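Shown next as structure tokens: one chain only, the form deposited without the ligand.
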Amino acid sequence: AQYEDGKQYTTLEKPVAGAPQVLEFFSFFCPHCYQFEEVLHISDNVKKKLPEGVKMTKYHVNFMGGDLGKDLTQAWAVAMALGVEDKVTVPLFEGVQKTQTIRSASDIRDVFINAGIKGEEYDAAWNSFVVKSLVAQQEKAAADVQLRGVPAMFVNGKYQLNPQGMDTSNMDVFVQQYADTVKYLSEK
């Protein structure tokens, strides 16, 4: 076949009920994740190849970066709760990996302040039980697949994309193969 189980994707042994159509995991410490965001725009290119209105979800993980990694999962919960993912994603990647200015929870907060989230609103969200539940949801989704690596992409709670085999000589061809593979998996 052109797409083969065990090759371009893997079938999960335990389908995750109630999973969104597309579930991506990332870490702000993850070098490929930074590339997937700013240079490849993987999520937007996947979205464009899928039917309109399909549910796509993106969650942060704790397993990279120790204490700060877990602070970043809580900050990602804040970003989701406030709907400000598009305003903070690149500045968070830059602060962790490019300028290396994000060293503490206060430095994370500074990124949101600079992006225009009022401090009182950030602090209220950071301490909210809505955000605690979003933290729990991110941890539970990763635990459902014993996740050990990011970036990771899961389709319908049934298939994991495997990009390590795809050709990387041309960035746009890579993105097209990734998006077309997600579309194929979503149609299974």
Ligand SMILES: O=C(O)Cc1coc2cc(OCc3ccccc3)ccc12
The other form holds:
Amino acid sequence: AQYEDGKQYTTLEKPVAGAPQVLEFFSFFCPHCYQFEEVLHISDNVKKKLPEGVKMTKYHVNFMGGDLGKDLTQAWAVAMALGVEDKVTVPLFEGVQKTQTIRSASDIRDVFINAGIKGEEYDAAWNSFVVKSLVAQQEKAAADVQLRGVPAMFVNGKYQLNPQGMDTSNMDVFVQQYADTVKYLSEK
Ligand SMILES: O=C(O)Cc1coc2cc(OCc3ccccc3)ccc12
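If the one shown is the form deposited without the ligand, what is the structure of the form deposited with the ligand bound?
Now the full complex is given, and it begins with the chain already shown.
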């Protein structure tokens, strides 16, 4: 077949019931995730190839960066709770990987302050139990599939994208193959 298990995708030996339709995992310490955001725009290109209104979910992970990696998972929960993901994603990526100006939880808070989120707004969300639950939700979704690598995308809790088996000589062809595979899997 043109799409084959082990080539463009792999199949979960333990399917995950009730999972989101399109579930992405990333880390702000993850280099390919940086490319996926700034250079390839995987999330938007996948969204444009899927039916309108399909739920897409993106979660942060703990296993990169130690203490700060967990801080970034809590900060991502704040971003999701406040709905400011589009405002903080790029400065957080660049703060961690490009300028390396993010060395503490205070530095992460500075990114939100600079993006226009009020200090009282950030601190209240950061210490809220709604955000504690969002952190637990991110951990549980990752734990359901024993996630050891990012960037990762799962479709209907059953199929995992395999970008290693996709052509990397051309950035746009890669994105197109990636998005077309997600579409194929969503119609499975
Ligand atoms: O292999 C891995 O650990 C998994 C993996 C995740 O995202 C990737 C992106 C890759 O290429 C992107 C690209 C495409 C065209 C031109 C430059 C870069 C390759 C591998 C992965």
